[PDB]
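To begin, one chain is listed below as structure tokens, in the form deposited in one PDB entry.
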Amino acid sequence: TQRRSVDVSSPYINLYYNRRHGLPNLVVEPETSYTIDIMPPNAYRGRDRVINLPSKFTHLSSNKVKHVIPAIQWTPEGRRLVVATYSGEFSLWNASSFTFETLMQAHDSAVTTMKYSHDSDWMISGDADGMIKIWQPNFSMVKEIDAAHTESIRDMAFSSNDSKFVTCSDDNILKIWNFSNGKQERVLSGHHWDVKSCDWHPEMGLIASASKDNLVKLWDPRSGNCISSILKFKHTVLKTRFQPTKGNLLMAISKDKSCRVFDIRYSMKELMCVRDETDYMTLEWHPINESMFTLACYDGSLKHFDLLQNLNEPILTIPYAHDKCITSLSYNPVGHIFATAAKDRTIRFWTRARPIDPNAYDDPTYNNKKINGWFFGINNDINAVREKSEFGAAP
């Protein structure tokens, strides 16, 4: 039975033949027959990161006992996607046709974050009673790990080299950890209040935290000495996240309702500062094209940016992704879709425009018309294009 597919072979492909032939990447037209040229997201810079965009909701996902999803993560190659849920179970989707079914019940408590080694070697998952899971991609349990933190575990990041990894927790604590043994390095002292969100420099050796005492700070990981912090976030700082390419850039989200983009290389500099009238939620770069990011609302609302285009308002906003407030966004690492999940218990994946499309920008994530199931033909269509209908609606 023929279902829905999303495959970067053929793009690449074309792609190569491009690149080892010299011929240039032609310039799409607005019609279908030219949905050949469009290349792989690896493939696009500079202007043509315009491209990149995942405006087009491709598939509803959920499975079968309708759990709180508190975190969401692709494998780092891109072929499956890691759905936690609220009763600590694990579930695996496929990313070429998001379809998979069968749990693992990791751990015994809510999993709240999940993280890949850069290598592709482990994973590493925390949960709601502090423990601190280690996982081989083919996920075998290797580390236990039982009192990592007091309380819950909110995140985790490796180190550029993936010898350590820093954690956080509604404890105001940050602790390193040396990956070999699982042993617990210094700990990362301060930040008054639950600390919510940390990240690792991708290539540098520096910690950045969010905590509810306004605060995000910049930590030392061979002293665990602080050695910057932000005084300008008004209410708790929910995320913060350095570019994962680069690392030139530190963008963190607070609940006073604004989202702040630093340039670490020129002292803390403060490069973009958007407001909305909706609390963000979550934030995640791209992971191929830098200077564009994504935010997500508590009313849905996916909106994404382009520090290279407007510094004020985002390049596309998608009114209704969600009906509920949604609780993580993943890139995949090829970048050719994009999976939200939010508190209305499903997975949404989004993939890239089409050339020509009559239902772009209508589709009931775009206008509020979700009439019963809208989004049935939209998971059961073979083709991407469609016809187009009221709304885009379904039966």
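For clarity, a rigid core is taken as the largest C-alpha set superposing within 1.5 Å between two forms. Positions refer to the first chain, counted from 1. Compared with the form deposited in another entry:
- Taking 2 Å as the criterion, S9 does not count as shifted between these two forms: its C-alpha moves by less than this amount when the rigid core is aligned.
- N379: CA moves 2 Å or more between these two forms after rigid-core fitting.
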The other form holds:
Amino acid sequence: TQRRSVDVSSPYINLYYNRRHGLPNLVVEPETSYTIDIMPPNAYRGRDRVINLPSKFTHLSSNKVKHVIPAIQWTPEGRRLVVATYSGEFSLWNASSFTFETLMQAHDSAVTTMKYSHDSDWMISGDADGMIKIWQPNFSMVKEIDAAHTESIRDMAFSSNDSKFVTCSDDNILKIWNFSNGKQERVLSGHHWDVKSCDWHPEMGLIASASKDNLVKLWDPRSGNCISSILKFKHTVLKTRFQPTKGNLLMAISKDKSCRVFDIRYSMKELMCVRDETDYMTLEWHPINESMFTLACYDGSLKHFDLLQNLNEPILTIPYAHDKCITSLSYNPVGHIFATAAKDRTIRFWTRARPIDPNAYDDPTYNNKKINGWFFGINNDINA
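Having seen the form deposited in one PDB entry, please provide the structure of the form deposited in another entry.
The following holds one chain only.
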């Protein structure tokens, strides 16, 4: 029973052989034998960052009980993908072979968000009744604080040092917690309506939030007062994310169908304003290459953007990446797998493109002709 395996081991062997002997990274040629020369995604930067684009569809997975997936998340080293269910269970899925059925019954209500620590030693998960559970990498209880928020937890993020983490819920209130004991620290009092997302700056102490008040606010993890606010969205801002590696950028998507990128280096300098006909649902920066991110629309239609290539249009559009609106995007921390979840109760995985494959950008994902993942082969490229 030979399944499909996507492991970055042999590419890393090749990369370190080239690196230790001083050999250059040979340019990949459009042929099958040159896939061995496709370096791991962390090896590519600058011009050849286009090789890291998750353009290929490689696996469609769905659990036995087809619940609705409110959030997905990768393990910090990318071994397994943690899929939250409406019933409050952690469904794990191995990254190498995308197969598992490990129900865990994590929460009682619907798990709405999970977040892993930067040191890969802890996980926090919130649910629909404002309960935060702090987990261990082996998925054991470490702390179960009840009613940390009134309504459903929307988003939460760790600090750089992982001793603190901010959370947001359907309320108009953000809170800071000392991660060591879950002590209730200062409350980010402010905002007018239903904060929808929150994020922590990767290096600096800086909190970014999005609410229904048509405002993106920058907060203070120490003073606890709104240090700045962005008034450039004409409707509720669905999500905000800093650039994970450097943090020099900050995205935000609103219900006015506009995505804006702000350069925090020069007084909230706006760099992009892309307006679509379909609603943006969720966003995700690339974990390795900056200036690269993916936007998920209300009709599927995964859109990959590049700040250095185009400031008005996406550099790659997968118009039918999902049957219904895409609700969760997750990048493998290794960067070789992209995981997307939508309201069709399915989980789809995306990998980097191959030098030559017959489907290319023409498949039941790029066009509409049934759907399948061909889970019976021994390769990535499928003939015809």
